[PDB]
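A.B. asks: One-letter residues, chain by chain:
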Amino acid sequence: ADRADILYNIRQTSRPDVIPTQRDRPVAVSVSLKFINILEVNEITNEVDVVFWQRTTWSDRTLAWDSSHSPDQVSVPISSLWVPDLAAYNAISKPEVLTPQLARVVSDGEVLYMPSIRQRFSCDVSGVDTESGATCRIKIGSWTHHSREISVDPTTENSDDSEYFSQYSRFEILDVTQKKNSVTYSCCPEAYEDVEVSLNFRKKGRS
Amino acid sequence: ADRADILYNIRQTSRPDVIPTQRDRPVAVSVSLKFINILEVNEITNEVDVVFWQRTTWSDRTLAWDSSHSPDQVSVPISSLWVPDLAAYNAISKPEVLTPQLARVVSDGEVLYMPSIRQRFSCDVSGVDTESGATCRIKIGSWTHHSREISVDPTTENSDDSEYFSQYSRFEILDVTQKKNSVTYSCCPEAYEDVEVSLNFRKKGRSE
Amino acid sequence: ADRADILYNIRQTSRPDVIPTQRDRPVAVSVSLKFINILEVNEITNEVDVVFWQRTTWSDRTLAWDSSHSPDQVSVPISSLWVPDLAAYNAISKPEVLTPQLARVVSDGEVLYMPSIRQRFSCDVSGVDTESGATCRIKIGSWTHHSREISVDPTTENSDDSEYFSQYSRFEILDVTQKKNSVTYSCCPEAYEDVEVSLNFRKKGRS
Amino acid sequence: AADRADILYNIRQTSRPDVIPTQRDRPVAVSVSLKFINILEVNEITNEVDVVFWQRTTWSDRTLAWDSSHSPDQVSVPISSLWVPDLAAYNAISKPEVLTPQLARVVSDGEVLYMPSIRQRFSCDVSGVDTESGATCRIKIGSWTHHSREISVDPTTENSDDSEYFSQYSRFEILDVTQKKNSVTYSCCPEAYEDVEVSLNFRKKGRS
Amino acid sequence: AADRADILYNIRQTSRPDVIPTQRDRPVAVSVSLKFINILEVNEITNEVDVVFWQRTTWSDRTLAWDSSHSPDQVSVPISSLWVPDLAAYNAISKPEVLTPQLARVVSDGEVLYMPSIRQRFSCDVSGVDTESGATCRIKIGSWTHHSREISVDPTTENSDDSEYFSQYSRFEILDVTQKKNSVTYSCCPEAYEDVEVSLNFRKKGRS
Ligand SMILES: CN/C(=N\[N+](=O)[O-])NCc1cnc(Cl)s1
Ligand SMILES: CN/C(=N\[N+](=O)[O-])NCc1cnc(Cl)s1
Ligand SMILES: CN/C(=N\[N+](=O)[O-])NCc1cnc(Cl)s1
Ligand SMILES: CN/C(=N\[N+](=O)[O-])NCc1cnc(Cl)s1
Ligand SMILES: CN/C(=N\[N+](=O)[O-])NCc1cnc(Cl)s1
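Residue numbers (the authors' numbering), protein chains in the order written: chain A, 1 to 207; chain B, 1 to 208; chain C, 1 to 207; chain D, 0 to 207; chain E, 0 to 207.
Hints in this document: simulated from the structure, not taken from any laboratory. There's no promise every hint is true.
As the list claims (entries may be wrong) - Once the Cα atoms are required to be at most 35 Å apart in a straight line, the calculated DSBU-like pairs of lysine-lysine come out as:
1. C:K203 x B:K179
2. E:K204 x D:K94
3. B:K94 x B:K180
4. E:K180 x D:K139
5. D:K179 x D:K204
6. D:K204 x C:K180
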C-alpha cells in the first residue's frame, strides 16, 4: 500500500456529514488553543482580536488502515472528513482560517486538525493596562451536538503558555487555563459541553 | 439503523428546493431572535451592527423516520434540507453566519436551525444615549414565499430578554418584544408575513 | 402534479446559459428600482452608497406547465434559471445581494426576480444639502445582449417613490423618474438598451 | 437554421477551457484595450490609485466557428465554458473586482470578445496629480504564465478620444492615454513575456 | 505526437491533487523563494506590515511527465488539477490574497513551477523602519501539515538581487533580503517542520 491507496480508502469509508460514533458512545474531541498573537484590543468595547492555533483531536475508526508496510500518517482535506461542529460562543466575527485546510490522519483513525485562526471575541478587557492584566475568557463547544453525541475536553498539558506567542505583539501572556464546562440552555434539558480558555494578558511596558 | 442510514435516507427523501407544504396549506415557520451583542451603534446614520441567535423551527414531514430502534435526532447540513428563505427587510448587510451551518432534525419531522448571525441594520437609533433608550425594529420573514406558503409566528415567551446577552457589551437591553405582522405591496396581490423584533436598549453607565 | 414535479421539470427544461428568445423578437425584460435606503454620500468624490430592490421581470415560455390542477407559482433558485445579465454602467462596486437568491416562476413562463442590492455608484451629488437636492442618475441595462436580443423597459407603476424607503435614513427622496434609454458605442453598431433612473434626493436638514 | 442553444452546445463540446487554442505552433493573438471609466481614492503620498476600466480583450478560437447564414451571428457565453487569456496587471495591489457579468461574446467566425468592467488598485506614479501637467500612472498587463511563443498581447490602435467613456462626475480628468507594447523578460529564465503598458495621464479638476 | 489538449488530458488522468508525489519515500524537495514587489502599509506601534511579493514555488511531480520530443515541453495548468505544497506563512495575520491567475507551469520532465503574486499582512519587527539602518521583518514560510520526511523546503540559493521587481513608486526601499533555511519542532510531537525564513531589511525613503 501507498499514500494514493490510503486517500482512496478514506474516500470510500469517510462520511463527512455523519458523526463517527463508535457504537452509542460520544465522540471525544480534545480541544486546545495555542495563542500566537493579540492584534487589536479595545478597553471600552471589551473586544479582542486574536490569532491562535486550535489543536483539535478526535477518533474515527472507519478511516483506519494497516500501516505495516505503508505510511501511518497522511494529510487529508477537511472536506473529505467529518469534522466537529465547534463554535466559539462569544465570537463576534467569522473565524478567519489562515492555514491550509488539511487534517492529519493516523493509521489508527485518530484525526488531528489545527488551523491557525484569526477571530474577534467579546470578553473582559478590563485590567489590560494594569500589571495583573485582563482575563479574556473564550468558550468553545459543539454548536449542535450534546453530551451523549459529542464530548469536549482540553489537552490538560501544563507547559509554556507563550511558547509560540509573537514577541512583536503589543501584549504579553501571563497565564492560560483551559477548563471543562457543561453549559445548558433554557428551552430543553440538553447539556452542551464546552472548553473555557481563560486568557490572562496585559499590555507591554511597566511602571 | 444508525445515523449514517438516517442521513442517507434523508438525502433520498429531502428536496432542498421544494417547500414541504402540507397538501395545500402554509408551512409554519417559527422565528425567535436571542440577542448576544451590540457592536457598533451610530445615532447619526441610524445604523447598528448586531449579533443574535436566530432560532428557527419548522416541520418537514418528508424527513421523518422510525426512531423506535434508532436515534431520535441528527445534525444535518442545511444544504441537504429545505430551509425557509428568511430575510431581514431592513438589513444593510448580508447575514454573516458565524456558527457551523447545521440544522437539528428529529424523527418526528421537526427541524431546528439556530445559527449565530452578525448583521447590520437600518433602524431607529435615536435615544441610545438616554434613559428610555432607542428602539431598533428588525422585520424578518420569507423573501419569496407569501402567506399561503410560509406563515411566520414569533415563539413569544416573556421570560428573559438578556439571558444570553453578553455582560461585557457597552449596551444593555431594556426590552425586547416580538410581534407578528403581514406586508402587502401596491404592485401585487400576495401578502408576506413577518416578525417585527423591537430591540429597546441603551448605553450602560450614564449620568443620573 | 405537486410542487416537487413542477420544480423537477423546471430543472430538467431550464437552460441557464441560453437566452429564451422568442423567434427573431428580443426578450422583453422589465426593470424597476424601488429605493429602500441611501447610506453613504460624498459630494467631493461624487459617490453614493445605496440600497434598492431591483424588481426584474421577463418571460421564458419553455418552463410553462398546466396550473389548472397544480400550484401556479413556485420559488426557484436563480442558478437554475436563465437570468438577464444586467449591469449598472456607472457602478463602482460589485452589487452586494442581501436577500436569498430565489426567483418566482409563474406557470405561463413569467419570471420575477427582485433582489435587495446594496451598491456604490458614481453620480451627481452636487446639491444634497440644498432645497433643490441632488439628482443621482443610474443606468442599468444588459452587458452583452443588445436591443435585438434583450430589450429593457421601466415598469411605469405609479407609486410614491418613498413607499419602501427607510424613514430612519439620514436622507430623503424628492422624486424618482425611471426613463428608458439605449446606449451605443464607437466600436460597433450594436445598441444596448438601459433604464436611466433619476434619483432626486437631499439630506433631512431637521428642525 | 441553428438556434442559440445549438450554437452554445457546439461551443461547449469543442471548447477546451483549460487549453490554449494554439493554431499549429503560432501564438494566440490576444488584443487588450483599456477604456477608463473612473479614477477613485488617489494618494500622492503612498502612490496608489483605484481605477475603474473596461478591459476589452479579443482573441480567436477558430474551432468554435459556425455558419451564420441563417442563424445568429453571435452568442453570449459564460467564460467558464471558454478558454480566457490569463491576463494580470503586474503592478496591481488588489485582486481585480469584476463588477460586470462574466459573459464573453462568441462570434461565428471563431472570434471571442470579453470586456468586463474592473475596479482595481495600482502602485504607480501619482506625483503631479494636482498640477496642470498631471501625473502619469503606468499599468502593465499581460499573460501571467504564457510566453511570447504562446501568447502575444497587442494594444488596439483606435486613436479615439481618451476620456470617451470616462465619468464626468470624477474628481479627476484624463489628459492623454497611450497604449504601448512591451516585452518583459526575467533574470532567471529565457522565454520572454509580452505585455501592454498603458500610461494614464490624469489630473485633479481645478475646482476654483 | 501530441497536442497541448492531449498533454492536459493525461495530466488530469495521472494527477491526484490530494496526494503528495513522494518518489520512493524521499521527501518532496519544494523550493521556495520570495521576490518583493511592494510594501504598502507599515505600522511601527503594532508591528504589522502589508507586503506584496511573488512566491516562486518549485517542485517535482514525476506522475505528470510525458514525451516532448515531438510535442510542446511545457504547459500552463490550473493548480486545482495538480498537487500543490500546503505552504503557509507562520506569522501571517491575514489570508494570502492571491492577485494573479491560479495556474502553475508544468514541464515535460515533471517539474512544476507556481509563482503567484500575493498580498499579505504579517506580524514582524517593524522597529527602526524610519531609521537609516531600517527594520528587519522576518517572514517564516513552510509546509503546514507535512514534516521534514515528507516536505523539505529550501531557499533557492540563487540570487537574483533583489529590489529588481520592487516598485520604485513605494514609500519604502529594500536594503537587503536574505533567505536562510530552518527546522522548527514542537512540544506535542517529535517531528520537525522545515521552513524558509525571509529577512526583509527595509526603511522609509525620506530625503538626504
Ligand atoms: C505549527 N504546529 C504544529 N504542530 N504542533 O504540534 O504544534 N504543526 C503541525 C501540524 C499542523 N497541522 C496539523 Cl493537522 S499537524
Ligand atoms: C445555544 N442554544 C442552543 N440550543 N438551544 O436549544 O438553546 N444550542 C444548540 C443548538 C444550536 N443550533 C441548533 Cl440547530 S441546536
Ligand atoms: C418582499 N417584497 C416583495 N415584493 N414586493 O413588491 O415588495 N416580495 C415579492 C417577491 C420578491 N422576490 C420575488 Cl422573486 S417575488
Ligand atoms: C460597455 N461596452 C461595451 N461594448 N463596447 O464596445 O464598448 N459593451 C458591450 C459588450 C460587453 N461585453 C462584451 Cl463581450 S460586448
Ligand atoms: C513575473 N515573473 C515571472 N517568472 N519569473 O520567473 O520571474 N513570470 C512568469 C511566470 C509566472 N508564473 C509562472 Cl508559473 S511563470
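A.B. asks: Hint by hint, note whether the structure agrees.
C.D. replies: Right, here's what the structure says about each hint:
1. For the hint linking C:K203 to B:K179, the alpha-carbon distance of about 32 Å falls within 35 Å, and the restraint holds.
2. With a C-alpha separation of about 27 Å, the suggested pair E:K204 and D:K94 falls inside the 35 Å cut-off, and the hint holds.
3. Between B:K94 and B:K180 the alpha-carbon distance is near 23 Å, which keeps this suggested pair within the 35 Å criterion.
4. Of the pairs offered as hints, the one joining E:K180 and D:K139 holds, with about 34 Å between alpha carbons and a cut-off of 35 Å not exceeded.
5. Annotation: proposed proximity of D:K179 to D:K204 holds, straight-line Cα distance about 26 Å (limit 35 Å).
6. A hinted pair counts as satisfied when its Cα atoms are at most 35 Å apart, and D:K204 with C:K180 qualifies at roughly 31 Å.
Checked against the numbered hints listed earlier, the structure breaks none of them; every hint is satisfied.
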